[PDB]
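Make the full structure from the sequences, and use the hints.
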Amino acid sequence: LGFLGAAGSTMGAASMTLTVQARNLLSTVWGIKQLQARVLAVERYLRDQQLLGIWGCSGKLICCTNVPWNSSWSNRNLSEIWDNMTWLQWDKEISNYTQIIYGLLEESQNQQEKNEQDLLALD
Amino acid sequence: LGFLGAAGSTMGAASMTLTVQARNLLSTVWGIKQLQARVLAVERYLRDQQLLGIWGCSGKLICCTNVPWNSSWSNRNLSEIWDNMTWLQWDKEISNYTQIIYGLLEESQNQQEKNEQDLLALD
Amino acid sequence: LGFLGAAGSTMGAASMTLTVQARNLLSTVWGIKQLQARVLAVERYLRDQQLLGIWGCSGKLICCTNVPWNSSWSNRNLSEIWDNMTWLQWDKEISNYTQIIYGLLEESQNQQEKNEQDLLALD
Amino acid sequence: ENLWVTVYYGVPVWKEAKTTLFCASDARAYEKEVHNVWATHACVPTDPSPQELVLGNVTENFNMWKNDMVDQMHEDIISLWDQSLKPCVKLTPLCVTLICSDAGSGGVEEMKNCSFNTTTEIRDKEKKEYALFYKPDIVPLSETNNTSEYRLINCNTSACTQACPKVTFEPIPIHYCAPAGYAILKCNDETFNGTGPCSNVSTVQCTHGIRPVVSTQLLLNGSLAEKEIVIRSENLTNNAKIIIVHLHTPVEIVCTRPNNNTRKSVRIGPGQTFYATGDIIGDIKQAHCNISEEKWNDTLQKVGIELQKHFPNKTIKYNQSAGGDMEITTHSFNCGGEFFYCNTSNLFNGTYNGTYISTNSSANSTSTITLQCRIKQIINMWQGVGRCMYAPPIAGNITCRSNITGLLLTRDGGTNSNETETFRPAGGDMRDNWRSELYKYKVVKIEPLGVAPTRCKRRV
Amino acid sequence: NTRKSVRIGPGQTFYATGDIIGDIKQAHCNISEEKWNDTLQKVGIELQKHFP
Amino acid sequence: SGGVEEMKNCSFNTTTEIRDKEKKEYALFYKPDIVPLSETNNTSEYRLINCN
Ligand SMILES: *[C@@H]1O[C@H](CO)[C@@H](O[C@@H]2O[C@H](CO)[C@@H](O[C@@H]3O[C@H](CO[C@H]4O[C@H](CO)[C@@H](O)[C@H](O)[C@@H]4O)[C@@H](O)[C@H](O[C@H]4O[C@H](CO)[C@@H](O)[C@H](O)[C@@H]4O)[C@@H]3O)[C@H](O)[C@H]2NC(C)=O)[C@H](O)[C@H]1NC(C)=O
Ligand SMILES: *[C@@H]1O[C@H](CO)[C@@H](O[C@@H]2O[C@H](CO)[C@@H](O)[C@H](O)[C@H]2NC(C)=O)[C@H](O)[C@H]1NC(C)=O
Ligand SMILES: *[C@@H]1O[C@H](CO)[C@@H](O[C@@H]2O[C@H](CO)[C@@H](O)[C@H](O)[C@H]2NC(C)=O)[C@H](O)[C@H]1NC(C)=O
Ligand SMILES: *[C@@H]1O[C@H](CO)[C@@H](O[C@@H]2O[C@H](CO)[C@@H](O)[C@H](O)[C@H]2NC(C)=O)[C@H](O)[C@H]1NC(C)=O
Ligand SMILES: *[C@@H]1O[C@H](CO)[C@@H](O)[C@H](O)[C@H]1NC(C)=O
Ligand SMILES: *[C@@H]1O[C@H](CO)[C@@H](O)[C@H](O)[C@H]1NC(C)=O
Ligand SMILES: *[C@@H]1O[C@H](CO)[C@@H](O)[C@H](O)[C@H]1NC(C)=O
Ligand SMILES: *[C@@H]1O[C@H](CO)[C@@H](O)[C@H](O)[C@H]1NC(C)=O
Ligand SMILES: *[C@@H]1O[C@H](CO)[C@@H](O)[C@H](O)[C@H]1NC(C)=O
Ligand SMILES: *[C@@H]1O[C@H](CO)[C@@H](O)[C@H](O)[C@H]1NC(C)=O
Ligand SMILES: *[C@@H]1O[C@H](CO)[C@@H](O)[C@H](O)[C@H]1NC(C)=O
Ligand SMILES: *[C@@H]1O[C@H](CO)[C@@H](O)[C@H](O)[C@H]1NC(C)=O
Ligand SMILES: *[C@@H]1O[C@H](CO)[C@@H](O)[C@H](O)[C@H]1NC(C)=O
Ligand SMILES: *[C@@H]1O[C@H](CO)[C@@H](O)[C@H](O)[C@H]1NC(C)=O
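Keeping their order, the protein sequence lines are chains A, B, C, D, E and F.
Each residue of the first sequence is one higher than the last, beginning at 4 in the numbering used here.
Each residue of the second sequence is one higher than the last, beginning at 4 in the numbering used here.
Each residue of the third sequence is one higher than the last, beginning at 4 in the numbering used here.
Each residue of the fourth sequence is one higher than the last, beginning at 7 in the numbering used here.
Each residue of the fifth sequence is one higher than the last, beginning at 13 in the numbering used here.
Each residue of the sixth sequence is one higher than the last, beginning at 1038 in the numbering used here.
Simulated from the structure, these hints should not be mistaken for lab results.
Check before you lean on any hint, since a few could be wrong.
So, partial list: chain C residues that the calculated Cβ filter (under 10 Å) puts toward chain A [stated by the list, open to error]:
(1) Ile35
(2) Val42
(3) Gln53
(4) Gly56
(5) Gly59
(6) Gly62
(7) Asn113
(8) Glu119
(9) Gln120
Think about it this way: if two alpha-carbon atoms lie no more than 25 Å apart in a straight line, the pair counts; the simulated DSS-like pairs of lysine-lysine are [unchecked claim]:
(10) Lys131/D to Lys1058/F
(11) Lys16/E to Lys1060/F
(12) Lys96/D to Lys141/D
(13) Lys247/D to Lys323/D
(14) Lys37/E to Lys1068/F
(15) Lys63/A to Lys117/A
(16) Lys192/D to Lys21/D
(17) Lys96/D to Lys1058/F
(18) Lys72/D to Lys95/A
(19) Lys1068/F to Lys16/E
(20) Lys63/A to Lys451/D
(21) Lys117/A to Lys63/C
(22) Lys1058/F to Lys16/E
(23) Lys172/D to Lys38/D
(24) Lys117/A to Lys63/B
(25) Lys315/D to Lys446/D
(26) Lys72/D to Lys192/D
(27) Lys63/A to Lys117/C
(28) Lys96/D to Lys270/D
Looking from chain F toward chain D, a few residues come up when the C-beta cut is under 10 Å (computed) [claimed, not checked]:
(29) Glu1054
(30) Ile1055
(31) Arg1056
(32) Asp1057
(33) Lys1058
Note that CB positions come from ideal geometry on N, CA and C, so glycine has one too.
This is the structure in structure tokens:
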């Protein structure tokens, strides 16, 4: 199994197949197009890894955080979200507020790590 | 806060805007300059991540090490240097004194890694 | 020491010089040749870092795993390897048996990954 | 009971986007010492195992009249054509007044002799040379009825560039691949009318082999259909949109020629030598194309029985192309480096009124359709931005035992109280060929980061 | 008048001036007087800050 | 028309689309574009200013 193996399946079934999806990220006139495509592939991989590495989730497929979830973003219960939707529509009504999600996660990571530095310097 | 949102603030105020400043290190006559700019931005960010990962601090915004601070570099206390001067003056003071700090960090990291290797091979 | 400072030296001095040999992996018609060399250099380093990242050794210069070492690959004593050899003929000895090593490391990290995955949601 | 944000790496979501694309040739074209006008060495070799994955329960919207891969293919082929003529002989000294007579004794009614003068190794002296030029390449500049003076046709607009006589125009297949971080959605529905939803979407990195053949009407070598004859069109209400007919079974076609002597090497400067047609040995016959009768008849009858779905209570007719110059109204292709332009009145002479007429005669296979047709040498394709090519001739006889796949029709402007809507053939822009090959594919961008609320909370 | 089109070489076109219709008049450029004068005087009063 | 005083007529011969034949054409070039070729005292063998 390779890319997008549960692209139309339910949301809860997608969590058990994440190990096989994020695998292939690096593997005249037809030289310049190849060079531009290679450069944008490197840029895409580095952007995704850097954005995963800011908020303390480097090298992990599933990462839990410590920011509360506001009810003004979804206003829907957990059961129908995790057993009814595909990822496509859920991305469609989160894409209006993903920037606020990213900013809150970044600030929560910085506060947590400053608390860790103060706790380590207490000793 | 913007890209350089705290450039004249103190150390205690500028240590909280790290996460909204590190986010923006990656994001025909005039169709080759853009390509050169893409490649040099990628090289700069990868050089920074290379320099951070060598002394064992990958994916950390603030890094606590075990290198003792020689007094000849600063000759100053801590409260006034964290609540009085900005990052630019302190960088201008320490800009002569950086390569020996980087070498000390590299030596201490390799010593710590060999010590941890010996301790884990003892078991 | 300098670049390639202990290439002919024994195994004991080779572990004290890993932190300097990772420095130099980064540092018209000829313009496209220069961009081709630069992009292949950055891509080779990025594939190397990703390959370190697959089997759970990202950032660390010396990484211990739990793959059992089959004796048919080497058939040599431990102190014979680490006190009477340089890296070169060791590489010529092991280089036939590299893909089995890489696959075993990858599957061991996959095993530890699903252990972490079903340990996170069992408390 | 509380909700916390959790990031996920590996979320399968898509965005519609455009990106630059690869070229993936095979190893079999990698070994030849000649370089064709496309690329063999420049394209990356492909793995001999196409990784195809089918999605579970997705339904995706598709369009093909607003696509980006078609425009990228068009720009790639235009740039390859304009790049494979840079280190070639520029025939700017071939603009002299030509003195032409009949083609020796026993005139051939195809060629003129057209002897000119040219510059030798000294700039001062001139020498008399003779050639053989085809009739469409020769235009009588005149102020009176002086029939002894003629000139070449491309010394009026631009260009005058000769093709390099070591490249080939053979259409080897090229694959398109998306870069890493992208994918291609491919629709496997057999009854795909061109636009709308599809329910068997598969995700593919590298597309199947595309042969970049050039043809105005009457599509040559290509991928067949799956089940039946399929009609593709943009609206089927106005008559300005070219309707593409895709066939299920192929019809054999051959096109041959009488003899020529050889390339006659004529030198026009320092190291610049062009190869015009020399003598002709043997007799003179007409170049032609041959198609089997009954295969063409029941193929057009199958197009008739399937084409009546959009026009239920009307009969359909065919006639010739609706006028213009010879370069548009005629079936044009290339074989072995020689460019054929052919009159297609004998193929589109018929009608269907709703009564299927089956045929059962195994001894009636001798009947064939012939097409009496001509050959140019000065080429002005892509209706502009072409860099007008002079294809050098080929010595021996040439045979083009081809295959046929599709038809490019159009509808005549109808009249009131009509039940006899006619369909003509038309050529036009060259986007229709690669649009009729790339109907399946759509390029798409994956976004592997997602956020979701759950009961998990990070430890402090 | 026009771009008269001379043809040179195998397909090169050179555009030149053809006839002239109407009379011949001179090509001028107009500046307002008092706006120029008081802008020049403002440059003058801002230029005496350096030279005493 | 005998009263232009800034543009000359400057008739010449030129190469047509056939490089064997030449034809007689005319223009109207501006006066600073043109310098006299001083092979004689005749003020009629003018030339373009970029030709050297
Ligand atoms: C649609 O699909 C068909 C099917 O492939 C294509 O038809 C092929 O067209 C190519 C050219 O476009 C043909 O290739 C030519 O074949 C000639 C005859 O080959 C016979 O003789 C040789 C020995 O001389 C045998 O080895 C061979 O097996 C055959 O028995 C050759 O004479 C040609 O060679 C010329 O080119 C080469 C390369 O530059 C030169 O080195 C030679 O000196 C010579 O000048 C050439 O190889 C091919 O035969 C056709 N296939 C068939 C089955 O007939 C159509 O082109 C394709 N497209 C269209 C638009 O119809
Ligand atoms: C085209 O004209 C040329 C001359 O203008 C012909 O070449 C002549 O061929 C005869 C053969 O009987 C020779 O005797 C002459 O010496 C040739 N004249 C030359 C080379 O200047 C040529 O044959 C004509 N083309 C054809 C197809 O007949
Ligand atoms: C030079 O090219 C022009 C087109 O740009 C020719 O003009 C027409 O050419 C067609 C094709 O032969 C003729 O049918 C028309 O009669 C031409 N004239 C017009 C007004 O459309 C032109 O003929 C070419 N020059 C010469 C000398 O033939
Ligand atoms: C090329 O020609 C121009 C045009 O005559 C020359 O320019 C004149 O040179 C003479 C001699 O030095 C001067 O007295 C004139 O003032 C120049 N200008 C004009 C408008 O006549 C020029 O010298 C020539 N040679 C070069 C450029 O090497
Ligand atoms: C149809 O979608 C559902 C999603 O709830 C999935 O469980 C099912 O397997 C899909 N059907 C097929 C045939 O895959
Ligand atoms: C071509 O060049 C020759 C060179 O001697 C000359 O005699 C002849 O008149 C020229 N023109 C034609 C039309 O042959
Ligand atoms: C989808 O296409 C694949 C291609 O092999 C085929 O096997 C499968 O049966 C198709 N499914 C449907 C529902 O058409
Ligand atoms: C083209 O199609 C659209 C909708 O499919 C329709 O509204 C429009 O009238 C059509 N064009 C013509 C000329 O009928
Ligand atoms: C085809 O077009 C010609 C053009 O005038 C017309 O006369 C004729 O009726 C049309 N139909 C047929 C079947 O020839
Ligand atoms: C094609 O053939 C028909 C009849 O055979 C003839 O009337 C016509 O002039 C020919 N040429 C074109 C360009 O249609
Ligand atoms: C078309 O076919 C008919 C009969 O098959 C024949 O009489 C006629 O000459 C053909 N050509 C045209 C142009 O009608
Ligand atoms: C024309 O070429 C084909 C190539 O297969 C050959 O079979 C045929 O005999 C040739 N024609 C003649 C008259 O030799
Ligand atoms: C065209 O049809 C013939 C007849 O089956 C077939 O052998 C040939 O392979 C087809 N052409 C191509 C390019 O596949
Ligand atoms: C220009 O060419 C024509 C004809 O070729 C000739 O009569 C004339 O003398 C030439 N020179 C000038 C200065 O007009």
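Outcome of the hint check:
1. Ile35: holds, 8 Å
2. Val42: holds, 6 Å
3. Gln53: Cβ of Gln53/C sits 6 Å from chain A, so the hint holds.
4. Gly56: Since chain A brings a Cβ to about 7 Å from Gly56/C, closer than 10 Å, the hint holds.
5. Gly59: holds, 8 Å
6. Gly62: holds, 9 Å
7. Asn113: holds, 7 Å
8. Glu119: Where the cut-off is 10 Å and the nearest Cβ of chain A is about 8 Å from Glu119/C, the hint holds.
9. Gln120: At 7 Å from the nearest chain A Cβ, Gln120/C passes the 10 Å test, so the hint holds.
10. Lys131/D to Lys1058/F: Holds, because 17 Å separates the two Cα atoms, which is no more than 25 Å.
11. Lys16/E to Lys1060/F: Roughly 15 Å separates the two Cα atoms, so the pair holds.
12. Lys96/D to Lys141/D: holds, 22 Å
13. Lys247/D to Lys323/D: holds, 18 Å
14. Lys37/E to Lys1068/F: holds, 15 Å
15. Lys63/A to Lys117/A: holds, 22 Å
16. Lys192/D to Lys21/D: holds, 15 Å
17. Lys96/D to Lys1058/F: The given pair, whose Cα atoms are some 21 Å apart, holds under the 25 Å limit.
18. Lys72/D to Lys95/A: holds, 23 Å
19. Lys1068/F to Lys16/E: holds, 18 Å
20. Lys63/A to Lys451/D: Holds - the C-alpha atoms of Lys451/D and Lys63/A are around 22 Å apart, at most 25 Å.
21. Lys117/A to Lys63/C: Measuring from Cα to Cα gives roughly 24 Å; hence the hint holds.
22. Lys1058/F to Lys16/E: At roughly 20 Å apart (the allowed maximum being 25 Å), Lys16/E and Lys1058/F satisfy the hint.
23. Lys172/D to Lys38/D: Holds: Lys172/D and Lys38/D sit about 12 Å apart, inside 25 Å.
24. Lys117/A to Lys63/B: The hint holds at about 11 Å.
25. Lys315/D to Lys446/D: This hinted pair holds, its Cα atoms lying about 23 Å apart.
26. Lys72/D to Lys192/D: With Cα atoms ~16 Å apart, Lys72/D and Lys192/D stay inside 25 Å; holds.
27. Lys63/A to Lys117/C: The given pair, whose Cα atoms are some 11 Å apart, holds under the 25 Å limit.
28. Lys96/D to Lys270/D: holds, 17 Å
29. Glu1054: Nearest chain D Cβ about 5 Å off; hint holds.
30. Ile1055: holds, 6 Å
31. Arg1056: holds, 5 Å
32. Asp1057: holds, 5 Å
33. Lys1058: Since the shortest Cβ distance to chain D is 7 Å, the answer is holds.
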